[PDB]
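S.K.: Each chain, letter by letter, is given below.
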Amino acid sequence: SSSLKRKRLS
Amino acid sequence: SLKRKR
Amino acid sequence: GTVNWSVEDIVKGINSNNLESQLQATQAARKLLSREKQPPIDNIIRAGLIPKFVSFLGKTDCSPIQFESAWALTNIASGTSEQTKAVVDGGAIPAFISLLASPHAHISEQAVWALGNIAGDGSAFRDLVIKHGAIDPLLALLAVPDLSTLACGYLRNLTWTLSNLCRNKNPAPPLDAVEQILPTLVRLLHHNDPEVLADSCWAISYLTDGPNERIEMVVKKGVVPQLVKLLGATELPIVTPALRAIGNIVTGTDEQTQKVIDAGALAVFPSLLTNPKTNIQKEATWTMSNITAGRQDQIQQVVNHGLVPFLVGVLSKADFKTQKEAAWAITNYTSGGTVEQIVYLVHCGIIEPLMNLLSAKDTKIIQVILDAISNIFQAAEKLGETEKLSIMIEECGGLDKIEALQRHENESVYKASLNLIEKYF
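Chains as they are written, first to last, in full-length UniProt numbering: chain A, 1067 to 1076; chain B, 1069 to 1074; chain C, 72 to 496.
Accuracy of the hints is not assured; some may be wrong.
Okay, the calculated bits of chain C under chain B, using three or more residues with CB under 8 angstroms as the criterion [stated by the list, open to error]: (1) 357 to 368; (2) 401 to 415.
Computed cross-link-like contacts, DSSO-like style, restricted to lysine-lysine with a CA-CA straight-line distance of at most 30 angstroms [claimed, not checked]: (3) C:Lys459 <-> C:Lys486; (4) A:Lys1071 <-> B:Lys1073; (5) C:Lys108 <-> A:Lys1071; (6) B:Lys1071 <-> C:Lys102; (7) C:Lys459 <-> A:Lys1071.
Chain A is nowhere near these chain C residues, computed Cβ spacing over 10 angstroms in every case [said to hold, decoys possible]: (8) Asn89; (9) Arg117; (10) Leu307; (11) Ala431; (12) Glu452; (13) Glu466; (14) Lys486.
It should be emphasised that the hints constitute simulated quantities derived from the structure, not laboratory data. Quick reminder that beta carbons are idealized off the backbone N, C-alpha and C, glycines included.
Just chain A, same shape as in the assembly:
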């Protein structure tokens, strides 16, 4: 799907 969770990167 679209991702369950998202990390915010630099």
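With chain A held as given, fit chains B and C onto it using these hints.
M.R.: Coordinates of chains B and C only, in the frame set by chain A:
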């Protein structure tokens, strides 16, 4: 009735 | 400055009695947690930093440390369920919801993002985020006359977090929460940003994945024509969730199915059933199978749109998973169709690829196919053209494969195959 859910 | 600190250094700074020292250490933690290569999430958790981060969320007098801690916590919550839980256990949910009302857009955005990760973990945390009252302030962020005035990244994050509030199925989201979110969702579905459109479609596909009462809540909002339009988008990340949504909808009542037919969905399927992405072909064929499970007038629409040759095509050559869905589509068709519709199917060349698939090492598709053979013979009996059909099957090697299936491991396979020969061969 012949329907198939995901 | 704050690049590549040790966790020990971070702890030392956060434990100082000094707000600026705490800010610098928190920013250092955020940079650690932001690196692509194996961020030390568990070390940060084990150092006991989460309660400190959560308390920093409440420091309205120091918006930078609010932002840095929100970001840090966002990235902890982006991890495993155990890591997301640590964030929730630290009291982060009500603190983030309070931050939705921040005067600083970059801070409210980060709060939106964090809540998306928390809700995205599963049904329980989703429902817990909803119980703490997140939906009203989230929707309020979108209460503007024109979505285009919002920052692009900001709108994308909001849309993504709303979709996670719609996601997961045991149980599905509270009906009242879904009712509350849907009008904003409908509006986002008409926005012109491809990522917003993708995530809006995902949300709708989640909401339509369940009992027919759930489907009806969505269909009653009049979104089906917009979904069909998005079904024709050039962007694969939009077509995929649009198609999942449309497919979900036609698992519903005949009336709900008729809505997607009325909206013109079937004219898109020549492209979808030959699409280069195997997943699209598979989902499209599954969708067709549920449309051929409909009324005879709906089967007739499939015929009128010239889609039976496309079904023959997929049955003839496709990824195996797609072929199995085509098999279903055919068995459904032959089950509910009129004699004339069934005759048409044969004249389109269904028999040979149908027979070719009987050699598959998948007992399920075999049962499906044998059922279809049965149905076509039943129609052929009403016409008395059973001889002609038997020959057709023989001339293409079908009788051989059916003869073999008599000695099959599965009971109903052996049974159905012998029954066919003992009645038509």
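S.K.: So, against the hints stated earlier in the document, which numbers end up violated here?
M.R.: Per hint list: 6, 7 violated.
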